[PDB]
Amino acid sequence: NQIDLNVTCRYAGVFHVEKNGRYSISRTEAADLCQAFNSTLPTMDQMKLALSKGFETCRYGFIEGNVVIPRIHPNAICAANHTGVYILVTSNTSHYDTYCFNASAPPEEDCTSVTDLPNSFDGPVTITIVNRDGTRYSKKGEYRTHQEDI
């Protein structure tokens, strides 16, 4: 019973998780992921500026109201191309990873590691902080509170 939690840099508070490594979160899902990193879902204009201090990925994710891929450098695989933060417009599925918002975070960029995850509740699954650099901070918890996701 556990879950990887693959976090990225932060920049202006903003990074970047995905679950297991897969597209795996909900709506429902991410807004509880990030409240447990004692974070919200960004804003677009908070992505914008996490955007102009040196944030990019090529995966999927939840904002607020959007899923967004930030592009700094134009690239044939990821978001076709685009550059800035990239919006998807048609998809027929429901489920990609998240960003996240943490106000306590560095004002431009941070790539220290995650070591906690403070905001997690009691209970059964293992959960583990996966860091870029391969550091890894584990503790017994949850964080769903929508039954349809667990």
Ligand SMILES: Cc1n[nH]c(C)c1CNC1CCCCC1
Second form
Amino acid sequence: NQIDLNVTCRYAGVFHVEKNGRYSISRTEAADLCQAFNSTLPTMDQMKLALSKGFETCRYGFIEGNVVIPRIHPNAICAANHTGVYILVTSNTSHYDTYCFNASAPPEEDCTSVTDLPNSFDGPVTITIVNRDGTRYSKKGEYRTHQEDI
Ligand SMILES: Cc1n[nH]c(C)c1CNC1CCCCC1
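Just the form deposited without the named molecule so far, so send over the form solved in complex with the named molecule.
Let us now look at the entire complex, which starts with that chain.
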């Protein structure tokens, strides 16, 4: 009973979270997951400011109201070579990664590791935060409040 959560640097408080190395988060699970990090789904304005500070990924993830990919450098296999906050328009499917926004984070690039999941609740799952540099933090708990996500 284990969940891996791969996380990134924070840029103006915004970061990316991928669950179990696959697109596997529903919109309801995404909001609950950000709440476990004392965070919220970013607004489009919050995401645009993060992009301006150096944030980019090559993965679709929820923000408030849309599924997006922030892009700085054009790459043919990431958001069809677009730059800016690329918005997913047409998809059959509902599960993505998520972005999260922590208002208490530094204002610009914070590429220190994440060493806590401060607002997880009591539960039976071994949850492991995996940083890009491989460093890990694990704790037993739960974050999902909707049954259809478990
Ligand atoms: C700076 C830092 N490293 N690990 C932890 C925990 C913290 C405090 N802020 C984090 C920021 C991203 C969401 C979770 C909370």
